[PDB]
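Quick setup: one chain, the form deposited without the named molecule, written in structure tokens, and binding and motion questions come after.
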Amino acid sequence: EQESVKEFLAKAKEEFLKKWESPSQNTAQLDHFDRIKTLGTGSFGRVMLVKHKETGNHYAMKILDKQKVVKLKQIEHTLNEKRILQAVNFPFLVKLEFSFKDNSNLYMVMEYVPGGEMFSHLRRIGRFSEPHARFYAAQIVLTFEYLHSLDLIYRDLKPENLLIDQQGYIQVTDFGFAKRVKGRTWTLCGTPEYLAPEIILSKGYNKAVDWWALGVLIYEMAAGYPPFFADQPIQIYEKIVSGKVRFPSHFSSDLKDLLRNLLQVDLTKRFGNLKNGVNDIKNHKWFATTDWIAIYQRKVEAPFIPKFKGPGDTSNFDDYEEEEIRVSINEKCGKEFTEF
């Protein structure tokens, strides 16, 4: 590739490794913030809108319950998530501003992106036009080029993890399954509709699983539904491994061709995992109109800007029962989370 790209990625890796080897720790505390609203909830954690009491800045605070993390066998994953987030720097990755822990919980305080999740916008408008899908896809391609060059696999690409910012660009969040991997890794993780065949079949897999997931995402953005859909996970998995996908007639020929090469069941033949790497994707005819540098520099006018009233507006997120952030009088799971 152009020496310009090589030197860019070399500097990117240098800067990542310095932070990776000496991670930041304990850079704020809970009582520096006011709680505003619950933005999302899961089996071992939540994301909250908070406001810093001295600066007035809004942030999204991800709170993980240490005991539930242990019970659900997510210790290494949560340590991965924070160590990676504090070390990365790319225009389409959410920014970690602070992290800390207390007797009960782990906390990651990130920039608040008021525009909401791509999932909501996609379901609201039905499907994205190919130019609109391509604008988002280009950002993911560049983000994976960045991550993979750092030996990072992302492992959770799906519309809910892609926030739309004030300029209409993507911010990838939720690094809960991201991992630094040289070669192969083995954990069953991800979301059913987005899993590559080699994950389903319990193989040692590599960064090619992210390129498979990009194929799923592009299909879902352009069609309005994912390519492998069913009521039970096992039925989804049967479709994924089958090597068969049906395309809507409205898809362009170029889109179908790209998707056949991303949704390639044989990982040794899948775009993004060949000798030419990401350039097989970047040079594909479906991306012929994409100015890769302009996308990186955020100089392309976005397909749409989310509607929101200001940095504290929560209208693009939905409503959840507001539960306590309780902190035990006794330290829980201290040993397991020493490095956090």
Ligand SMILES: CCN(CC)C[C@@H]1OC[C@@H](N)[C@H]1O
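Numbering follows the first chain given and starts at 1. Between two forms, the rigid core is defined as the largest C-alpha subset superposing within 1.5 Å. Shifts are known only where both forms have a C-alpha. What changes on going to the form deposited with the named molecule bound:
- Superposing the two forms on their core leaves just one of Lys95, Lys73, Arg123, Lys244 with a Cα displacement of at least 2 Å between the two forms, namely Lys73.
- Identified as moving between the two forms on the superposed core is the stretch 71 to 73 alone, made of at least three consecutive residues whose Cα atoms shift by 2 Å or more.
Switch from the form deposited without the named molecule, shown above, to the form deposited with the named molecule bound and output its structure.
No partners, no molecules, just the chain.
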């Protein structure tokens, strides 16, 4: 690589390691914010729009119930997410602004991105043109180059985790499965449609699983549906391990060639995991029109700008039942979350 790229990544790792070894803790509290609206809900918690009472700034507050985080690997993942997010810095990653805990919950307060999830926009339009898909894919390539150079694996790439910001660019959210890994790792995690074969087969795996998931994401953006789907996960898994994929006729030859090399079932032959690393992807013909420095500097005009009215507009997110944020009189699971 060029010396400027090598020095950029060396400085990035220096800055990450300093925050990694001295994590920030306890930088706000709950009654510093007004609650506005629930933006999403899951098995362990929810994400809410909030407004800081002194500054008037809007944020996305993720709330995790400590008593639903029971398994050893669930606790490990919860601690991974906050330690990594407070240490990273890159143009296409959502920024963590505050974190804290109380008797019942863990809290991560992020910048609020009002344009909504890529998933919503993709399902509304049907599919993205190849130049449109390529604009988003280039941002993921640069983000994985950054994360992998810090010895981080992301492990949750899917359209629901890619938010579109006020300039039409991607902000990646949800680091719940992200982990710092020297060598291999073994946990079964991720959504079935995006899982690489070596996760399904219970092997020790590495950063190659993120490049497989990029292949799935690019296919889904350009086709409108993912390459492997079925009603039961076991059926999805059979398709993934088989080594077969059918491409729509409208795909360009260059797109098909890139996807065959990302959706390579043999991890030792998969693009992103060869001796030239990420540069086999950056130099592929499908990316020949991409100005990689212009993308990083956000100087390229985006395919579209989301419609919203201001920094507190919630019209690009959907409606959920509004439930209490109960905080018990007694502390729960204090020992497990001491480092949070």
